[PDB]
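Based on the provided sequences and hints, a complete structural model is requested.
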Amino acid sequence: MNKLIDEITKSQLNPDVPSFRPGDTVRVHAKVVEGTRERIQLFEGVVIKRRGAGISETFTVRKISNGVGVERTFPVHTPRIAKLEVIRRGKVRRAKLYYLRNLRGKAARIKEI
Amino acid sequence: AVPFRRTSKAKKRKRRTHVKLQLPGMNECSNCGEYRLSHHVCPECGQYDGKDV
Amino acid sequence: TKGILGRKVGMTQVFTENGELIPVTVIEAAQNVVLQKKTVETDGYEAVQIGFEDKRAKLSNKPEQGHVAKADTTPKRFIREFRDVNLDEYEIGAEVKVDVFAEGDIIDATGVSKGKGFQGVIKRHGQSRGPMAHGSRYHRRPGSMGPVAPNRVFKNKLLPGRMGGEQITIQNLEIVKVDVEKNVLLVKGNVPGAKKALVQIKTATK
Amino acid sequence: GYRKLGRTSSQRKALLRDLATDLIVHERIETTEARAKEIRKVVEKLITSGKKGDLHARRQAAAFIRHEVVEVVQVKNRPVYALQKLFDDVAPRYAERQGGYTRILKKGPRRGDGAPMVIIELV
Amino acid sequence: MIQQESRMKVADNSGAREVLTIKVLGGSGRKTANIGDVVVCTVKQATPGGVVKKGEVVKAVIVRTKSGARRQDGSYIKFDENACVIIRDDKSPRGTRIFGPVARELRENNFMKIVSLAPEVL
RNA sequence: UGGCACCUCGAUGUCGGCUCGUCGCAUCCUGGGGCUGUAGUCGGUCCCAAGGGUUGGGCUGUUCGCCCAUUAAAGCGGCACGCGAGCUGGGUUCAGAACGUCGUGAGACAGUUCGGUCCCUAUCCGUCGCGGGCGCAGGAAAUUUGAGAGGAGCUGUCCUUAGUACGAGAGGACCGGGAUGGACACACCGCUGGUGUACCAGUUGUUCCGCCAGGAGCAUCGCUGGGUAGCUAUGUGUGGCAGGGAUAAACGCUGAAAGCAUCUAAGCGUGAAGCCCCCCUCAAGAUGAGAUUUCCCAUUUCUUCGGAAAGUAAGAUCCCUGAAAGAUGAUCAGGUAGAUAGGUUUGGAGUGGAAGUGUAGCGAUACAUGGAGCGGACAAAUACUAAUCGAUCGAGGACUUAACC
Ligand SMILES: [Mg+2]
Ligand SMILES: [Mg+2]
Ligand SMILES: [Mg+2]
Ligand SMILES: [Mg+2]
Ligand SMILES: [Mg+2]
Ligand SMILES: [Mg+2]
Ligand SMILES: [Mg+2]
Ligand SMILES: [Mg+2]
Ligand SMILES: [Mg+2]
Ligand SMILES: [Mg+2]
Ligand SMILES: [Mg+2]
Ligand SMILES: [Mg+2]
Ligand SMILES: [Mg+2]
Ligand SMILES: [Mg+2]
Ligand SMILES: [Mg+2]
Ligand SMILES: [Mg+2]
Ligand SMILES: [Mg+2]
Ligand SMILES: [Mg+2]
Ligand SMILES: [Mg+2]
Ligand SMILES: [Mg+2]
Ligand SMILES: [Mg+2]
Ligand SMILES: [Mg+2]
Ligand SMILES: [Mg+2]
Ligand SMILES: [Mg+2]
Ligand SMILES: [Mg+2]
Ligand SMILES: [Mg+2]
Ligand SMILES: [Mg+2]
Ligand SMILES: [Mg+2]
Ligand SMILES: [Mg+2]
Ligand SMILES: [Mg+2]
Ligand SMILES: [Mg+2]
Ligand SMILES: [Mg+2]
Ligand SMILES: [Mg+2]
Ligand SMILES: [Mg+2]
Ligand SMILES: [Zn+2]
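Residue numbers (the authors' numbering), protein chains in the order written: chain R, 1 to 113; chain 4, 2 to 54; chain D, 2 to 207; chain P, 2 to 76, 88 to 135; chain M, 1 to 122.
Please note: incorrect hints may appear among the correct ones.
Claimed, not checked - Short, incomplete list of chain M residues facing chain D, as computed with Cβ under 8 Å:
#: 1; residue: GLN72
#: 2; residue: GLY74
#: 3; residue: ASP90
Just so you know, these hints were derived from the structure itself, not from any lab.
Idealized CB from N, CA, C, for every residue including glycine.
Structure below.
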């Protein structure tokens, strides 16, 4: 923690992000930049973790597609997220939900507040 | 792991040139009038910083 | 070819215009002034002497107060020299601001490494261990010291000692952002030293 | 980075609890140098907890004070314990004082092993 | 991170069902391959009647890994098992269908047919 | 492979591996060149070159070898077949037992098979780091030159030039430009991860705090789920980029000896990953002890001149608070001319919704007060506590000559 770092980096923080905590479903409108193309693809899943402070904060979203589970990590304040929505608000008793990595369907389901 | 040759007197004393011990860092208490260690409570008048403890 | 002295503050990251994310290190370089100018006909070489950070009237003795009073300004804390620099600039007593660098320049960072104490040979020189099982009794030892013939052991036989604390420079290091009014300087990468270490920034030799 | 005192984690915590309670009761004890330099912080944090004066703070402090009798008063004989003294006598003394409830005074080496002894008191 | 003696599932329609890696191509002392790298490998378990038989030495590309890759923009992707696709001398798969998601790094290595055949390219 | 029997039988430990290497050139790769049965691609042989490189496995105690899969390449040798007061003992080479064979027999076979105690606190030199003393013709504080010496010199693939030059076709370029890797090295913790025994939470048994509630001790930190600062790689940033001088092999110009010719005799020009430079680090004990800027000045007494001691100046240290440093010294930040350490008040990471009370439920339990409570090492203010008081060391600058002070 340093105050000079905070003053330098305060400009690039994103004020348009909503409030979410680990354990609820989100939808990420990530941008996919090709060589000369711009497209937006959707990634939807439950957030597993959220760590760090300041501009260097990241969160992780988990999704099961075609049987194989996929985890994709994003910086919180990246300009490559067009929009981030909070779909559900799950109920959890942990800050890191790593136990979901060893659970298949119908046992990884999360309640709703 | 065992001495090849015994050590002479000159070499023994040369090694022992650094095995002395230093002089204490003391001066005289203003109230006592005799010697005491700096930053320590003098044991004669039982005072530090001009105040008894 | 221009240079300043600086104080390493920390390390963070910034987003570029293209959206990519890069790590940067923050260096603040306030209060540094030009003190002396060495010429070929007086000293035998050309250099500029820069004093970086000022300190109290106490902690500074009479000789160095006289040296700084040969110019203006109060006594400083760090003083270094820069060679291979133009002397037509740098009027005596004039301050040097971070604006001497522009975004996209290439610099060389010099400093003193972090200190590690008495360190072994697996860590200091990156050697390899022996087996940890199969009845072995040889884990983290230096090795053999050479042939029987010389009746001695050669030089540059690497052995345990004091590891860190040496001077290190890294080259071709890019500069990202310059902010004049905060007297800071953002450099992409990392530079040798702990926090609050003196860092010497100069234009890349190559 | 605090300080290991030549003893394991469970042993170290037991030592710190003993010296902290001995300083509350007697208010003037004589120990070695590093040992006193370490108990200084825990005693001062404990006195801050007493300054708060809450029930939650009382439970926090009770999870550290050793349960021993300071002295007995004729209210009917009713002993007073160390926590009662901490929350009724020691804490109100420094209500107007923010920090630094202890001082360290140096003595000189011990005879048996040359340890540098000091005297630490709460004033 | 996959080096010699690692076993990893195959994710195509050829006869193979499990594959043990033999060598990592592309250097002298190279000891680790990741997504988009070709490896020489042998077929340990195969399905009956397939085109690729048990005990065969083939080379194949790595499609998904337990520890994935990071992009230039600072994001990461990680899967839940190691998979593989058996390829020809050129970069064309021997099978006809591909199962499961596929990393996006195959586009930059010009594995176009595999990416096209994949159900989902992440 | 042998011959001899000169040192060692009052002991010179003997095979393969492991760790660490270092030299030679009779060069495996990369660099330069001559000849070619050199059309091109791919090659062969020789000359100059030792600067860096020169794999991972199956079988065997194996060196060696055969095989699988790669690579620019998977060089040959010396150093007590380098290296056991550095490691392992699978093999050789003790005592047990068994097979084949030999012997009447005890036993034997460098035929085979199973099992079989590897001791030592480093004195001197040597090697790697760290201090004290004196020297450098006054005493000090900083900044430096560089004689010398170490470090690093590795290399692939793809695109374009161009289907161009070449060639009947088949096939298919040198030179040049761009992109991106393998192995290695240095630094660092913003990112991905590891640890994190004075951080947060769940939980089993039993004992304790008089009881409930709330907590504490022991059980590997009792176990389990996370994790701050520091330390880290498998993580990130960067490097071997472009070049200069003189040359080796070789190719030439001008040119006589020898009216021609001739690369040589006098004289010039090209020419290598090699030599000396460029790049990084150490470096004035470099007794040849160097240089620049600044500070203190010329005191008092004893002497046979020579010289001696004794208060000091600039300055430093003893002592004390420490960490960005550290085995101990040392180095750095400070000592009231104060933010050096602890405390206190605000914060941050991390954990995850404290105690008390209330409501719902017969009960386990759930909800609210409330992103609550706790919060080692991280940040900022604050003199509240400890750096109080003192003491010690430390210069008056030899002689000769020259310009001239
Ligand atoms: Mg958080
Ligand atoms: Mg310096
Ligand atoms: Mg062991
Ligand atoms: Mg010799
Ligand atoms: Mg315990
Ligand atoms: Mg004879
Ligand atoms: Mg003998
Ligand atoms: Mg040769
Ligand atoms: Mg040739
Ligand atoms: Mg070589
Ligand atoms: Mg096997
Ligand atoms: Mg040998
Ligand atoms: Mg021999
Ligand atoms: Mg020999
Ligand atoms: Mg030996
Ligand atoms: Mg030993
Ligand atoms: Mg018989
Ligand atoms: Mg046995
Ligand atoms: Mg010295
Ligand atoms: Mg030199
Ligand atoms: Mg063709
Ligand atoms: Mg980290
Ligand atoms: Mg109870
Ligand atoms: Mg008990
Ligand atoms: Mg744990
Ligand atoms: Mg268990
Ligand atoms: Mg070069
Ligand atoms: Mg030349
Ligand atoms: Mg000098
Ligand atoms: Mg600190
Ligand atoms: Mg000081
Ligand atoms: Mg403080
Ligand atoms: Mg609650
Ligand atoms: Mg009820
Ligand atoms: Zn006294």
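Quiz item: Any hints this thing doesn't respect? Which numbers, in order?
Solution: 3
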